[PDB]
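Given as structure tokens, the chain that follows is alone and in the form deposited in one PDB entry.
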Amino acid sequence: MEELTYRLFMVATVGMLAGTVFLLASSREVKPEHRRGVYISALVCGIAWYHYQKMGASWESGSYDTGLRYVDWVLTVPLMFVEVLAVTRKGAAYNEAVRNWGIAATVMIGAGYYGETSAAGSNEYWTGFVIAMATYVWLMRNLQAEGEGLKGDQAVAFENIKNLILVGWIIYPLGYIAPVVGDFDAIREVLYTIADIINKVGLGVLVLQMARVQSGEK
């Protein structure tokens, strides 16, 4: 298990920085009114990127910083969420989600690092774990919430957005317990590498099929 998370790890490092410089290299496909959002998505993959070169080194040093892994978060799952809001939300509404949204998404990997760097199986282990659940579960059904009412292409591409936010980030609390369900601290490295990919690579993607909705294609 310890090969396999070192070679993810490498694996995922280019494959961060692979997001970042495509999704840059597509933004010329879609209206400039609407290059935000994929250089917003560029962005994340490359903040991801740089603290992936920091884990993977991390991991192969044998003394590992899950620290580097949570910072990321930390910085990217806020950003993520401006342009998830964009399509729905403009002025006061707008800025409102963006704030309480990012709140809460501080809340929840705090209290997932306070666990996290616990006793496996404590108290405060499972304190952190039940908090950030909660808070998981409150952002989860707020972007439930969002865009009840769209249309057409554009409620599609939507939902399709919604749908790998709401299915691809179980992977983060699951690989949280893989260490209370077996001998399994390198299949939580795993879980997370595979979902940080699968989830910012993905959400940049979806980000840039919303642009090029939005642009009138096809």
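Heads up, when I say rigid core I mean the largest set of C-alphas that superpose within 1.5 Å between the two forms. Residue numbers count along the first chain shown, from 1. Compared with the form deposited in another entry:
Once the two forms are fitted on their rigid core, between these two forms the CA displacement reaches 2 Å or more only for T66 among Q53, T66, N160, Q154. Relative to the superposed rigid core, the position of the CA of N142 differs between these two forms by less than 2 Å.
Once the cores line up, the CA of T88 ends up 2 angstroms or more apart between these two forms.
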Second form
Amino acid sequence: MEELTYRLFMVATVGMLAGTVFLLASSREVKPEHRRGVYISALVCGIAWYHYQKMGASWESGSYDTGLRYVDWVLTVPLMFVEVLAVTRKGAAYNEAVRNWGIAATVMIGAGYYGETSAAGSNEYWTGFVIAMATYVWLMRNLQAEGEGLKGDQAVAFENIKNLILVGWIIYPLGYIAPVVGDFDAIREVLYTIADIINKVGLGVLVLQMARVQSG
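Switch from the form deposited in one PDB entry, shown above, to the form deposited in another entry and output its structure.
No partners, no molecules, just the chain.
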């Protein structure tokens, strides 16, 4: 799966760029007070575009490791929560959640990286997973409660935003745990790549759809 993994990096790079340019162009189709999440979403795909180029160059040099993705994640995961809050909150409530959810997301990714950079199945490996998993659940529970105030088309549009994250992000912990049950190292990189594309481009598209409802 070496050639597939490398070819998927290039596919992701084009995919992230495609998402970046699509969101930047479509940003004026929504009213200015609803554009911030669209801009953030494009920034998200653009950072991922930048990193997937870096990871492909790393793979050609023969020096890649799974820890290279974490540089991406530590920036974009907090920004993805921000692009969701950008469309669901305002004022003091927005500032508090951005801080709190962004701290939690950073802790989740850092704890993951701690466990990632040790032997599969070591104590550091399990320590990282438990801390990251706890922050993951806290985040998903907070995301579920976020829709509890919406109504009408906004609730429908937010349900799609919520469900993409709830469903699409499961692959990340699953991929982390799999190498302790079998030889899943190669497939973990293939699936993370595909998932990053769906999750970043897809979330941007759904945030844009939500900004469309808010402007219409």
